[PDB]
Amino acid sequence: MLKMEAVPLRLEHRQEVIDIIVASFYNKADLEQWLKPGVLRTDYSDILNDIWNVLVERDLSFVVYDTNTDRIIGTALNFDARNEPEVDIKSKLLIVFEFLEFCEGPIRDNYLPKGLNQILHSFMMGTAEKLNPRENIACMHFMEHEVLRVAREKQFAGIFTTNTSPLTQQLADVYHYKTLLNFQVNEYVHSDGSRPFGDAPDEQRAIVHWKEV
């Protein structure tokens, strides 16, 4: 059985965290696959390097160790939704972040609690590339359980996230997250009038999820 431990993010975790996020997203991500070509691995690592110090100092994120091997197998990166660093993105990834703000913004600022230390934003979750299905599912359940623990212990009101893959969407449902928006990603229109995910099937959703703590 996979034995795991959640450890607060440290400064020296940067390369291990970058490796997990790059592997977990690049090519794999359900939105960026429709922005091909022009998405590079460094687009993800550039964003993470730009926020790394603030990410560690806010003390809301963690890594997951396989206690048997003492190696990092997953990571959960979190911010206060109302206290997130201002990063400017060069790549086509900016379209992804603008779409997520399209989904999250109106709901966050008009229906969720006001003030700092209220909304815990689960903004990245990833697992190591070499995990088999059993280990991936176990790690996801573990991080989902620990994000809840951080939320209560840090006195947040709830957890807020947009889930863009079928597995993360279904996990959120069985963990009793409330669905606040179920958006068809091929209907999103960019500022230039194009639909950057327009080639996606009608069944690909972006789901805004909220769980009171």
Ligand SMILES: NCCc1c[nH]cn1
Second form
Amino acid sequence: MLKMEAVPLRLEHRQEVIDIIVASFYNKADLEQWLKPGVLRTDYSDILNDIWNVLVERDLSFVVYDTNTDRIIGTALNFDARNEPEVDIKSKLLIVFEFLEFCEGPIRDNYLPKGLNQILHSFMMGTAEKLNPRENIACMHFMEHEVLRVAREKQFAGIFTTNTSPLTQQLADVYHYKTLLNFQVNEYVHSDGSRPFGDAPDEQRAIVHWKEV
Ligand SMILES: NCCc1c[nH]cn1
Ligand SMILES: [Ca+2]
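Please show me the structure of the same protein in the form deposited with ligand HSM bound, now that we have looked at it in the form deposited without ligand HSM.
The next block holds the full complex; its first chain is the one shown before.
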């Protein structure tokens, strides 16, 4: 049985967190697959490197250790939704973030509580590549449990995330996240009139989830 411990993010975790996020997203992420070609592994690591110091300073993020091997198997990256760094993104990931803001912005700024320390934004999650399905499932349950604990302990009102894969969408639902938007990703229109995810099947959704704590 997999037994785990959540440790707050520290400055020396940078490369381990990057390796997990890159391995967890590059050529796997459900939105970026439609921007091919031109999704580079360094596009993800460039973003994390720009935000790394503030990410650690805000003290809302954590890694998950396997306490039997003392190695990191997962990580949850969080910010206050109203107090997030903005990075100029020179990569094609900028369209993903603009799409996510298209989903989140209207809901966040007009329907969720105003002020800082209200909305805990679950920004990225990931698990190590070598985890088998039992370990992956267990680590995701452990990270969801721990995001809730951080939210309560840090006195946030709730947890806000856009879930873009079927697994994270279904996990959100069994953890009783409320659906605020279920958007068909192939209908999103970029500023140049194109549809960057237009080739995606009609069934691929971006679901904006919210859970009060
Ligand atoms: N949490 C938003 C899902 C996502 C996709 N790509 C990057 N992030
Ligand atoms: Ca999520």
